[PDB]
Amino acid sequence: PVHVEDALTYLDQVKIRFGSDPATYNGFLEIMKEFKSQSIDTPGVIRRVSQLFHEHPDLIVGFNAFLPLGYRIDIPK
Amino acid sequence: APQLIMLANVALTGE
Numbered sequence: 006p007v008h009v010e011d012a013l014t015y016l017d018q019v020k021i022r023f024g025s026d027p028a029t030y031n032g033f034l035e036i037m038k039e040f041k042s043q044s045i046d047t048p049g050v051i052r053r054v055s056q057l058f059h060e061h062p063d064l065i066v067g068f069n070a071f072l073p074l075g076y077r078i079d080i081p082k
Numbered sequence: 156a157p158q159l160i161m162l163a164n165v166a167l168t169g170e
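Protein chains in written order, with the working numbering: chain A, 6 to 82; chain B, 156 to 170.
Misleading hints may appear alongside valid ones.
To be verified - Example chain B residues on the side facing chain A (calculated, C-beta under 8 Å, incomplete):
(1) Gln158
(2) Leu159
(3) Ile160
(4) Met161
(5) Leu162
(6) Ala163
(7) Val165
(8) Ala166
(9) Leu167
(10) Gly169
To be clear, the hints were calculated from the coordinates, so they are not data collected in a lab. Cβ coordinates follow ideal geometry from the N, Cα and C atoms, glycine included.
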C-alpha cells in the first residue's frame with residue numbers, strides 16, 4: 006500500500022543505508038522536489054533514481070512499486 | 156503521477 010507510511014519508511018531506509026553518504030540522500034530529495042516544481046519530466050525522475058541507486062536493488066525496487074505501468078524503471082547494464 | 160507528488164511532499168514535509 007503506497008501510502009504516507011510506505012513513503013515515510015522509504016526515506017528512513019534511504020537515510021540509514023546512506024548514513025555515510027549524504028550526497029545520495031540530497032540527490033533523492035532533489036528529484037522529488039524538482040518534480041513538484043513542475044519542471045522535470047517523469048523520465049527524468051526515474052532516470053536519476055535508476056542511477057542514484059545503481060548498486061541498490063531494494064531501493065530501485067521499492068520505488069518501482071510506486072511508479073505505474075506507464076512510467077516504469079530501467080536498469081542500464 | 157499522484158505517488159510522485161505524495162513522495163516529494165513527505166520528503167519536503169513528512170512530519
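To see whether the hints hold, each was checked on the structure:
1. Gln158: This interface hint holds because 4 Å falls under the 8 Å limit.
2. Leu159: Given a least distance of 5 Å, the restraint on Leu159 (chain B) holds.
3. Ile160: holds, 7 Å
4. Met161: Holds. Min distance 6 Å.
5. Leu162: Hint on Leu162 (chain B): holds, closest Cβ of chain A at ~5 Å, below 8 Å.
6. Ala163: The hint holds - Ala163 (chain B) has a Cβ within 8 Å of chain A, the shortest such distance being about 3 Å.
7. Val165: With a closest approach of 4 Å, the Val165 (chain B) hint holds.
8. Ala166: Where the cut-off is 8 Å and the nearest Cβ of chain A is about 5 Å from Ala166 (chain B), the hint holds.
9. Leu167: With a closest approach of 6 Å, the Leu167 (chain B) hint holds.
10. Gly169: holds, 6 Å
Hint check: no violations occur; every hint is consistent with the structure.
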